[PDB]
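Data first, discussion second: the structure below is written as C-alpha cells.
For this depiction, one protein chain was excluded, whereas all remaining protein chains were kept in their positions.
Think of it as A, B and C in the order they're written, each chain with its own count starting at 1.
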Amino acid sequence: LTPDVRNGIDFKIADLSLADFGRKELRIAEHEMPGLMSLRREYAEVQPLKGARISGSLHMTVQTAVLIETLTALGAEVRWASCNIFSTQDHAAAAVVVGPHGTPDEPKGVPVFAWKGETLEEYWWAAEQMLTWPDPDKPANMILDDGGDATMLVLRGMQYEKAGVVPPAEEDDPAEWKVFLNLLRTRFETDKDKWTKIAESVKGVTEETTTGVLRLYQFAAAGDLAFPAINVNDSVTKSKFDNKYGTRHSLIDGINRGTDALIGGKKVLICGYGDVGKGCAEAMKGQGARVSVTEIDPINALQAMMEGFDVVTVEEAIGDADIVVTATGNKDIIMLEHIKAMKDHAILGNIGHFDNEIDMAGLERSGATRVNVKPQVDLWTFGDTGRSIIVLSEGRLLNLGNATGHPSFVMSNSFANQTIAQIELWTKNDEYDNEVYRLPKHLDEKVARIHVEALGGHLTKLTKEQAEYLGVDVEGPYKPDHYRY
Amino acid sequence: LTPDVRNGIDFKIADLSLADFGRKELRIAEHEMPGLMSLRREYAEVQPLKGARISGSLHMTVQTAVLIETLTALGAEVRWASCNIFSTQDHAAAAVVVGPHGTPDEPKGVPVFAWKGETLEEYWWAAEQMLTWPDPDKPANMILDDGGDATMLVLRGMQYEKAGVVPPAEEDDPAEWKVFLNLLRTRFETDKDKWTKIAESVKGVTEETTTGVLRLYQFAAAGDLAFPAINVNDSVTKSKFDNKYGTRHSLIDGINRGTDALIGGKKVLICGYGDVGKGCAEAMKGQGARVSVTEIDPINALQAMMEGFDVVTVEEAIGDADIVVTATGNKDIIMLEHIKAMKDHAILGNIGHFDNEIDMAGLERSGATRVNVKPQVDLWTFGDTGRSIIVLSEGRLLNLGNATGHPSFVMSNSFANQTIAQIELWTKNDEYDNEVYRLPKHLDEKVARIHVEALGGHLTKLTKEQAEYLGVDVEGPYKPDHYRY
Amino acid sequence: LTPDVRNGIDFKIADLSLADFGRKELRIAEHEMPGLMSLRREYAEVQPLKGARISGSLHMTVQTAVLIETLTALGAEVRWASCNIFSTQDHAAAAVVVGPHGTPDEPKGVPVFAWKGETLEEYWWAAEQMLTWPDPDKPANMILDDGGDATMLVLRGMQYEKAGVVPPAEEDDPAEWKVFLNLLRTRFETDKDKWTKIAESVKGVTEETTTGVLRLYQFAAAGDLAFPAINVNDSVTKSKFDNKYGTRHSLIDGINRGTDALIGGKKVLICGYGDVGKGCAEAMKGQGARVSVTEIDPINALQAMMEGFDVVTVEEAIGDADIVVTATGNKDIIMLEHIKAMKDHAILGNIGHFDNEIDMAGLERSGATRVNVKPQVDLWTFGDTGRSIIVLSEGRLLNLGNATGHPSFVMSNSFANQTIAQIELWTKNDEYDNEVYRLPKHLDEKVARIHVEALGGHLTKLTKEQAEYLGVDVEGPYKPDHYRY
Partner (left out) sequence: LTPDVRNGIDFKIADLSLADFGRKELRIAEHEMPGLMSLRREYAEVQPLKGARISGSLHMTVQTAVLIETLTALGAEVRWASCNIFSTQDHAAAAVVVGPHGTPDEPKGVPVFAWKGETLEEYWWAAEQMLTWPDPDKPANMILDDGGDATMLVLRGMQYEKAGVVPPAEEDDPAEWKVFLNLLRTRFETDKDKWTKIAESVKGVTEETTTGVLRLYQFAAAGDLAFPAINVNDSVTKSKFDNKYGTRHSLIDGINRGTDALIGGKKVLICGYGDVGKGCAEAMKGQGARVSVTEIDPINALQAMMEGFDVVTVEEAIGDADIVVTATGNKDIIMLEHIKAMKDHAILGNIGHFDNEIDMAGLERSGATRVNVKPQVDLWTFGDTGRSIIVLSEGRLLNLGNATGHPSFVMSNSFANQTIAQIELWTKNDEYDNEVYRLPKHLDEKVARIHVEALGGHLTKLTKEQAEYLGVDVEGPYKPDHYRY
C-alpha cells in the first residue's frame, strides 16, 4: 500500500473526483459552523498556528474537513487520518486533498489518508502515514486526537523502542491489537527511533472524546505521558452538547439508514446513561419507543428513572428488546450469550467509541452465519435457535458508520473547543506540564455565546448591581468551577 | 420509450441486477409487516382475488413490494407503477419483477414500470403501461390508488373520449396537466374507446391517501365515479397511524439524508396540523426543535396550542424559520414571495401529496439560480439578497424522495387495510354502488389487534357483565361509529 | 333535611359567609372563560333562553358557577345541584346563591343544593330539590345533566309511577341505588304523578359526559327516551379538549393535594386509553413517570404503544405499580383481589365517572382497616399482608374530589358547548325527535376559534382559490363529518 502523490501532496483516499460534491457540502457546513467561522475571522491576521505541524486523528467527515481548513486558515500544516474504519465520508476527504481553490488535477489541500471501509491493516498504515511527516528534521509537533490512537501509536511506539523490543501478541489478543503491534514490529526492524523522535517533537495533544481522555489519564498516572494534553471532551460545550445533543441526532439517523425499522412502539434498550446514553434515550423516547436503560452508576441510573426509564440489567431485558444500543465506553456489554438471547430480527448497535462493547469476536467465532445486507448492515443467523439478529457497522460506532455522525451545528461546538485548544497549547506551550488540562470556563462561554447568537437567542446582560450580587463579572465567568449545568 | 420483456413479463425499472439486495430487504420487511403476513396465512387457501387484474399506482418501495406479493399470494394478477417520480426504491422494483424464485434473466415476478428519478413524460408513460393490460379482451378490473392518478387517467380519459375531443392546455397549466393531456390526445388519435373500455372493466378502486380521497369525493359529487371506491385513508388504523406516526418517523429521515442539518435548537414551521403535520411537529419537538404551526381550522389549531406550539401565519413566521415544512394537502402555501423572505440557508420541503404546496413554478421563473447538491437536494440563490434556500425533492414528498418513506411496520397497517379493501370489493362487488365507502370498524380493530400482538401489547378481555355494561360484544366493535380515538 | 330561604331563594349549601372568596375567584374565572364571555355578549340583548327553567345537575364548581351566571344572563331560571358527593366548591356554591350584586343576608342569586361531602342520602335529596320547581303547573322544562343522574331520576321516576310498584332494591345493588329507590318510594306515598308531569314538562337535556351519553343511548335504544337530547361530550371542542387536556391538568393536581407523592420515577398504571386515559398518561409521562396502560380496544392500545407506553393487564402489573388510575367508564377494573396484590403505600384512584371502577364495596366488606388521613384521603391496611394502600376520594372521580377538577380555560370549551346546545334545544324544539343528537361542525369550530384567538393563535385565511381546491367554504366547516382530528 503506497500513498498517491499529486501536485506535491501525498494522500490515500477513495476518489478524488468526489471533491466537487465534497466542496458543496463543506460550504453548506460553514454556514452551520459559526464556531469555526468566527475563529477563522478573529484569528486570520494573527496566524497563531504558524509552525504547527498537526497530525490529526479524527473521523474524516464534512464537519472535520471544516476544522482542518480552519486550522490551515490559521497558519498550520496538517496531515489527517480517520480514527475509525467506517467513519470517513469519502467526498469530504476528496474535498480536503483538493482544498477550496484546487481541482483533482491541481490539488491545493492537505495530506489525507482515509476512506470509508478500511481494513484494520489499512487503518493502521494510514494512521502511520498521518503521523509520518515528509521532512525527517520536521516531524509532527502537535496531535489532534479522537480516541487516542495517534497518541497510543507514538507513546507505545517510543516505549517499545526505549525497551529495545516490540513484544509479540497472544493468540487471543484483539485483532486490532495484533495489527498494531505488527506495524510497530515491522517498522522497528527498519527504523529504531522513529516514535521516540516524534514523541519528542510533539508539543501537545488535544483529545476529543471520553475513551481517549481516560487513556490520557491512564498514561499520565503511569508517568508515561510525554507532552501536555488538553482534555477537549470535558469542556462543557463539548460533553453536554456533542455527546448528548449530537447523539440525540445521529443515533436515530444511523438506525434509519441501516435498517429503516420503526422506532415508535418498539422496546428499546440503552446501555449506559452518560451524555451519550442520555441523548440516545431521549432520541428514542422522542420517537415513541419504550426505553429502558442499563447502568452501573447509581447516580446516572436514578437520573434515568426520574426521566421515565426503567433501570434494568442486560440479563433480564435482552430477550424482549427490539433494538439494543451500547453507549458505555466499557468492554463486554453485550456478550455472545446475550446475542443468542435476542428475539428474531432484533437490532443490535454500538454508539460507544470502540467495537468491544458488543462481543463481535465471539459472534464472529460463534458459527453464526452472516449475510451482508448492504454496507455496514449484516444479518447474523444462529443455527440452534433459527433466529437472526441485524448488527450495525460490525459493532462500530453506528452513527458515523451507518450515517454521517453528528450534525455540523453540533460539531461546531466540539471543533471550536479543539481549535482553541490547539491555539492555546501551541502559543503558550511553556505554561503547561506533561499533565492533562481542561479549558478555562470563559473560553467555553465564548464557544456557547457564538452558538446562541447564531441560533438567534438573546442573552441578558447583568447590571452593575446584579454582578456584585452574584459576585461575578458582567462578562463572566458566571458559574463556580465545579458547576455541573 | 419501449418496455423490456423477459420471460413473458413486460416492465421498465432501473436495474434488474438489484434483485438480490431487493429480496433481502423484502424478507426483512416481511418480519416487520405482520398485517400482510397474517393476511397471507388466512387467505392462502381461499384465493379470494383469483380473476382479479389489479392495476397499481403507488410509490414503488420495499413496503409496496410486500403488498404486491400479498396480492399475488391471494390470487391477483398485478401491474405496477409508482405514483411519484422520486419515491421508487430501485432495488424493490427489481425484486418485484424478479419475484421470490425468479432471477434477473428468468424473472417470475410482476410487471413494474417505475424507477427513481422519472421525468413527467416517463411517469405518465409508466402510468399508462400499468393500466394497459395485454389482451384487450381482459383489461384492468381493479385499481389500487395512492394520489388518484390512475383513477384520474381512466376517468378523464373516458370523458375526453365521450366528448370526442381531448382539450388543449392553457398558457400556464401545470406541466403535469400538460404532459397528462399530451398522453391522452396522442392516444386519442389511435384509440378512441380505450379509457371508456378500461373504465367499463373496473369493478372498484381502493384509495390510500387524503388527497386521493378528496378527489374521489369530487368525482362522485360531479356524478363521474364509474365504479365503487373504498377510502382506505380514513380507516382509523390508516389515518391515525400511518399519516401521523409514519410521518413522525419519515419526516426527519427525509431531512437528515437530504441535509444532515441539526434539528435541535432550530426554529421550525410546519404548515397544517392534521395527522401529517401532527406527526411532523411531534417529530420535530422530540429532536429539541422550537416548533410553530400554521392552520386554517381552529379545532386543529387549538390542538396545536394545547401541545405547546405557537399557531402563527407564514407571513409572521417565514423570515425566522430554520426549517419550513408544508403538510396541508392544499396548494399555495409557500409562495415565491415567502421564499424570498426566508433566511440564508433555511431548508424548505413538502411532505403533502403533490408539489404545489410550495411555489416551485414561481421559484423556477423567478431568476434565482439553482445548484444541484446531490439528487433531490437543490440550493436556490437570490442574487438581489444574496441568500440561499435548500429545497428538498423539488417540492415533492420529501420522505419518499429524500429517504425511504414510512417504515415497514407502519405501512403494514395501511397495506392490510389495502388488501382487505381489495378483497371486499372483489368478492362482494354486487354489494357496492358508485360511491366512496369506508371499511367496517371490526376490520379496523382486526388490523390494530394484529400489530398490538406483534409488539407484545396485551389486550385485556371484557367479562360478559362488563360488556353488557358498555353495550358491546366481548369481540367488538368497542366504540360508536362517530368515535374519534 | 329542610331548605333554607332568603329573599325568595331556596338553597342548601355549606356556608354563606363564603360569597366573598367565591366572587373573587369567579371574576378571575370569567377572564379564563372567553367561550362563556363571548356568549354572554352575543346573545345579551336577545335573551335566547327567555322562559326556560333549567335544572342543572353538574359539579358545583367555580366554572359551573360562570356557566350558571351565563345561563341567567341569557334569560333562564336555574336550579342547581352537584352531580357528585365530593366535587362541590363551597365558596362557589355560595357566590351563585348570593349573586354578582348581592349579600349573604340579601342573596340576588339562584337556588343551589350542594356542598362538599354529601351522604348518598343528602346527594339524592339535593338532586330531588334541584329538579323540584316551586310554581304550578310550571316545573322543569330543561335538564342540563352530567353523568345522567337527573335524567335517570326523572325517567325511571316516571317509569315506576306508570307501573304503580316502586320495586324493592336487591341486596347486591350499590348503596347509591338503594338510596335512589328509597327516595322514589317515599315520594310515591305523597305524590303519585310527580315525575310523569316533570318528564312531560322537560323539552330536552344536554349531557356533558361520556358515561351520561352511554346511558342516553341505552335509554333511547329502549324506546324509553322521553324527550330530545344533545350529546355534548362528543363535540370535538368538548371530548378532545376537556376529557384529554383538562385531565392532563387535573389528574396530577388531585394526586398532589391528596398525597403530595413524587410522580417522577414512579411506575404508574393507567387503566384505559381513551381521551381521559390519554390525558392521564400524558400528564404522568410529562412529570417523569414510568407509565403503563391497559386496554380492551386494540386501536386505543396501538396508540398507547406508539406513544411509548407498554400495554399490559392489571394482573401483570398491579404488583409493581406505585400509582394506579382507572379511566375506563366501565365497572370492575380493580377488584379487591387486585387491591390485595398492590405494593405497600401504593396509591389508588378513579378518574372515570362513578366509584365502581374500583371495587370499593369489595374493600369495605373485606376486613382491611380504613384510617382517614384527611378529607378524601384514606389509608387501608390488610392485616394478613401488613400492606396499606392510599385510596383517593373513596374511589370517586379523584380530580374534582381531591382538588378542583379541570381549569376554567378548559371548562370554557365544554361549557360554551353546553350553553349553545341549551339554546338549540330551547329555541328549536320542533326540529328534534326523541333521539340523541350532536352539534354541527361550524358550532364546534366556533368554540375552538374563540379559544384560539384568546390564546393568541393566528389562523390562516383560505384564499378563494384554496377553498375551491379543498371543496370547502372560506368560513364554513373544514372537515368531513367523520373526521377524527
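We take it that a contact is a pair of C-beta atoms (placed from the backbone, for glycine too) under 8 Å apart; a residue touches a chain by one contact, two chains touch by 3 or more.
Taking every chain of the complex into account, the absent chain touches A, B, C. Considering C:44, C:262 or C:474, the position touching the chain not shown turns out to be C:262 (whole complex). Set against the missing chain, the residues A:61, A:237 or A:417 yield one that touches it, A:237.
For the chain missing from the display, the contacting residue among C:146, C:253 or C:445 is C:253, taking the whole complex into account.
Mapped onto chain C, the interface with the missing chain covers residues 21, 24-25, 28, 31-32, 62, 245, 248-249, 252-253, 256-257, 259-267, 282-283, 285-288, 320, 344-345, 371, 373-374, 379, 390, 403-404, 407-410, 455-456.
Even with one chain removed from view, chain B keeps its contact list with that chain: residues 264-265, 285, 288-291, 302, 305-310.
One chain is missing from the display, and on chain A it is touched by residues 214, 217-218, 234, 236-237, 239-241, 245, 294-306, 310-314, 316, 329-332, 438, 444-446, 448-449, 451-452, 455, 457-463, 465-466, 469-471, 476, 478-480, 482, 484-485.
Here is the rule we use: only the chains that are shown with their structure count from here on.
Averaging C-alpha coordinates per chain places the centre of chain A 40 Å away from that of chain B.
Centres computed as Cα averages put chain A at a distance of 58 Å from chain C.
Measuring from the averaged C-alpha position of chain B to that of chain C gives a distance of 42 Å.
Looking at chain C, one finds that residues 302, 305-306, 310 touch two or more other chains.
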